[PDB]
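Next up is one chain by itself, shown in structure tokens, the form deposited without this ligand.
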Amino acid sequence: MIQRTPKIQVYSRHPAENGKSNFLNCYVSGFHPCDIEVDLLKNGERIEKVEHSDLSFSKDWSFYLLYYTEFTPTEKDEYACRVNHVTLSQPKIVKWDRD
């Protein structure tokens, strides 16, 4: 019933190797309420065709959600996850750290 911020984790399925296909993930967890906005960013631009899990919840009413997309890294491409939620004073951008 009380608001709780999301934990935000941005990570790839494998370590970044340029020119090899991979999956980019944004896992948002432990939040309340369920209303949340999650985008994956490529060089600061929203990625349009992104996949997501369902929104799961535990008996303490905390929520869990994953956004992800197949992608091929190149050295100069930068990726991030942008989250907005009522508990956040500003939308949060968390960068993908390749290593």
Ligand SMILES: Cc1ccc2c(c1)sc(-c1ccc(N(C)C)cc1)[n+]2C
Contents of the next structure:
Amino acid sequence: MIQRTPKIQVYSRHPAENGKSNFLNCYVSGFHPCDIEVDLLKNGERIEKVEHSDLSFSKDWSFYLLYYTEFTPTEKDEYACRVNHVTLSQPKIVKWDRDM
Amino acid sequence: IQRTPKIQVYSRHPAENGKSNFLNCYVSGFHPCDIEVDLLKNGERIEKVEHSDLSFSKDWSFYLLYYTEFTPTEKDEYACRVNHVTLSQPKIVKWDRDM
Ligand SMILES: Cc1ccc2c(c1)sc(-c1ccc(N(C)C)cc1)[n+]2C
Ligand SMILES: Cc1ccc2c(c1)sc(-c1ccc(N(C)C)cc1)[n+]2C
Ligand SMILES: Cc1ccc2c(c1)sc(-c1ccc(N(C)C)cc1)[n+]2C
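Can you swap the form deposited without this ligand for the form solved in complex with this ligand?
All chains and molecules follow, beginning with the one already shown.
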């Protein structure tokens, strides 16, 4: 079927509290074809030790996938998600918007 | 960097004609990820199948399982049809009852 471009959402598991351990998630949804690269970024730099869900799909072959890592937020630190996919020219970055 | 799937077909318990079992097609070790899988009662594509999710290694080798509840009979015969890029022609694999 026809190509389609991922929806990308970045969120913490519990609400932020500086210096308290949390998890950071990057949820990539709705996309096709399946092949995709995902990386999480502490101040523009690629976190080593990340974990991920399996890659699941609908009857209509939309794919869904989750990346996450334990982390401790601080006032100075800035976190984001870098996705590359065919439907993206340029690897797309999306910031973690704290204030929600 | 391409890799062709390993394909294994097996029942969960040993065959017993007219007793309910599960049939699995396990497709392993493959890349890239895109792949079609179907199970076949006498060459015909079974409607109501289930599947695991698609998991992968650090290596980006992918792993996936299809299965269905079924009742085997002496004359019935079952198989798995996989299509992948690395295959010229969709590959079929039989279920050997005497696994
Ligand atoms: C079925 C299910 C289970 C969990 C679950 C969802 C759906 S959807 C979701 C979630 C998605 C996005 C966000 N942010 C972008 C703030 C926060 C939470 N969770 C955590
Ligand atoms: C319409 C439709 C069909 C299937 C389907 C969805 C939507 S959304 C989804 C899904 C699967 C796994 C995950 N995580 C790994 C947490 C999150 C979402 N599935 C499996
Ligand atoms: C009755 C009977 C006899 C042999 C037999 C089975 C049932 S089920 C089975 C088997 C084959 C492959 C796998 N994996 C690759 C996960 C798991 C189990 N064997 C080898």
